[PDB]
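One chain of protein is taken out of this complex; the other chains stay put.
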Amino acid sequence: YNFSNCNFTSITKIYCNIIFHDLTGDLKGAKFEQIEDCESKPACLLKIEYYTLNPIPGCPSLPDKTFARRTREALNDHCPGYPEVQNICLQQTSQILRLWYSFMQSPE
Amino acid sequence: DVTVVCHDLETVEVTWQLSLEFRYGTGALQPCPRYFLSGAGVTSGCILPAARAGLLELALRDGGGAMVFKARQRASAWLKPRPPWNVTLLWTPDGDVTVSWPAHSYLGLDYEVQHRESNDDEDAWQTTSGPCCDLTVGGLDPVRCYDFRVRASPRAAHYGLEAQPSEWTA
Partner (left out) sequence: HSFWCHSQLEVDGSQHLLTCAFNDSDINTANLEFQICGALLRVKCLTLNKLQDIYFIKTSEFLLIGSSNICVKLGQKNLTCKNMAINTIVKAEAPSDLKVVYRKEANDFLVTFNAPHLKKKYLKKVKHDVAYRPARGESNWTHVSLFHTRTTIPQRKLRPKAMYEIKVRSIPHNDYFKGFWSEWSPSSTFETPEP
């Protein structure tokens, strides 16, 4: 899918006022060095969607986390035609949060 | 403790004999371009250029090459903006005061506007917040004198929790 047709303004408002607080709430001050970055909003959304909604070994429940459920819904609602180790969960969550930062700082 | 500040997305300043290497992305590590030195010569810190994109990896090593500090984040993660350049105050007919200022050359900042009676203390500052590049402060008495000051504060959701607000304007 190409996230380029997404309503980024709506999505931004959802992230800033909801999803952001969910992510930071789960991390509770824990932080990690980031791994991947992105240079455009569509490209960032692509990484975000993949990291957020595909479960990984050691954190199968990631796509079921509150921040994750809201993300899925935000894309569905605002993008056209869009279809266990705790430390691992946190690590991925930290990555996702930092991708949001890149999203916010990247051009449309 | 070590400190890192990214000044206005222009430079990165690292403050802590230690040596600093750095790189953006996955290229080759490079030495600090400009150390801060003591009279004896012990390093006190480092300044390097800030990049708007790519991950800044920092490696601070003690006399012996042992790792004492590591980091990997966008440079903007440590953002400290410059203060707003010049603040304007306009009494409206509503009885409100409109505070305005020039925009920064990048997005993701909130501005904090403080006011108080000009006779009041340093503990009497009232705060309001909003996006660029102006906001309204209501309920002020037109015959009293007020002091105003402004700083730019990076949005947590935009830059993260490691960013910091600028100094207050005069």
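Per-chain numbering from 1; labels A and B assigned in written order.
Keep in mind that, in the parts below, a contact is a pair of C-beta atoms (placed from the backbone, for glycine too) under 8 Å apart; a residue touches a chain by one contact, two chains touch by 3 or more.
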item	value
Hidden partner chain, touching residue among B:11, B:98, B:128 or B:153	B:128
Option touching the unshown chain, where A:17, A:61 or A:86 are the choices	A:17
Touching residue (missing chain; options A:2, A:7 or A:66)	A:66
Sites on chain A contacted by the missing partner chain, in the whole complex	13-14, 16-18, 21, 25, 66, 69-70, 73-74, 77
Absent chain, residues of chain B that touch it	117, 119, 126-129, 137-139, 141, 143
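Operating definition for what follows: only the chains that are shown with their structure count from here on.
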item	value
Residue numbers on chain A that touch chain B, as the complex places them	15-16, 20, 24, 33-34, 37, 39, 97-98, 100-102, 104-105
Chain A partner contacts - residues on chain B that touch it in the complex	52-55, 57, 70-74, 76-77, 107-108, 155-161
